[PDB]
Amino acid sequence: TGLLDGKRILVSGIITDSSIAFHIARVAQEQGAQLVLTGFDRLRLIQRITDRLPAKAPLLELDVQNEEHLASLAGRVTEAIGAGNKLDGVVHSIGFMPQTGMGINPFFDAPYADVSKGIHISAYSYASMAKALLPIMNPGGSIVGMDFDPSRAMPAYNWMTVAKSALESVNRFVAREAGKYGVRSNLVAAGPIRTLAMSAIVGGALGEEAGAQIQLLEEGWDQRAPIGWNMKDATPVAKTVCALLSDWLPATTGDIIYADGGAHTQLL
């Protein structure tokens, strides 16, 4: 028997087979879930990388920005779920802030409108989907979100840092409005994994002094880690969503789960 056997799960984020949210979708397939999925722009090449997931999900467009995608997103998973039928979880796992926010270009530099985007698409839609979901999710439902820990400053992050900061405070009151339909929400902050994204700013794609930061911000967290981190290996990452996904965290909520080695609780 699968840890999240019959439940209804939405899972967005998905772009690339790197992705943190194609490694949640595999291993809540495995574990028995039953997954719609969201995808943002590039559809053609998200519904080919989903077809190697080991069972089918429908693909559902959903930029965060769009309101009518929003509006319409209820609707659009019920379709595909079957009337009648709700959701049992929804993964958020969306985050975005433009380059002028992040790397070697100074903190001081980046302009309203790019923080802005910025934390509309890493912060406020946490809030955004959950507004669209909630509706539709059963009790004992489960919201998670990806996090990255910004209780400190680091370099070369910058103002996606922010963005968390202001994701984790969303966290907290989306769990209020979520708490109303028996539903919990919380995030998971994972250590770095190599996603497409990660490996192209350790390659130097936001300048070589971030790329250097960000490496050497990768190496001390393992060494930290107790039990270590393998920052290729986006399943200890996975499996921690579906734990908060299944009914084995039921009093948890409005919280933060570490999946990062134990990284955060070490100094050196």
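Numbering follows the first chain given and starts at 1. Take the two forms, find the largest set of C-alpha atoms that superpose within 1.5 Å, and that set is the rigid core. Compared with the form deposited in another entry:
Only one candidate in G228, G32, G204, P58 has its Cα displaced by 2 Å or more between these two forms after core superposition: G204.
Please show me the structure of the same protein in the form deposited in another entry, now that we have looked at it in the form deposited in one PDB entry.
Keep in mind that what follows is only the chain, not its partners or any molecules around it.
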């Protein structure tokens, strides 16, 4: 038993055991929830990884860009959980953006073909996923997607910041749409965690200039954060997503709950 006792919670976005999505699943499982895991394309590969999760959770295939995947979604999920049973949650830990609009390549240069590829998988997909799953959700259910404070412009995040900013706005509209089924829609704003990707830029893969600009940024995050910030530990972020998936915040919708050590409230 536990925080997520008896709840059937869906969790997408696991590609490795460093994924925030992997930690959300691990913690969600410990807390008692029953998971239905979805994976992009490396099905036999990420399968192996989902084997690390304390409990077995049926892996289903889901490319958010494909309406064939979306359509089948609710359907498979039902077979995944059972007939009669419905979903208590949906976790959208999906975020993409080709190097063209994120990082060392300039802001003005990133072409729309890529920007749009990020805005479709990062921002929009939240909607289409709320769209495909909402019907099979019990009232009182919760849908929570990841965010990264787009309020102020920062170097490198460039177009991925813009796609996240669009994400928050979408959150609000899905919120009233989810309202009709009793579901809540919320977004979590974490500080940088070191997934494969971040370890990459850190160690000069991007190079000197970049690896530093981001180093200091991660560095400063700890400066301002009152209870500090531990970028090599996602457990604080997993815990937060689980709380939002519980009966303890039954009134927050179209909202954003920050889990970045409060770094965003301090200036220095």
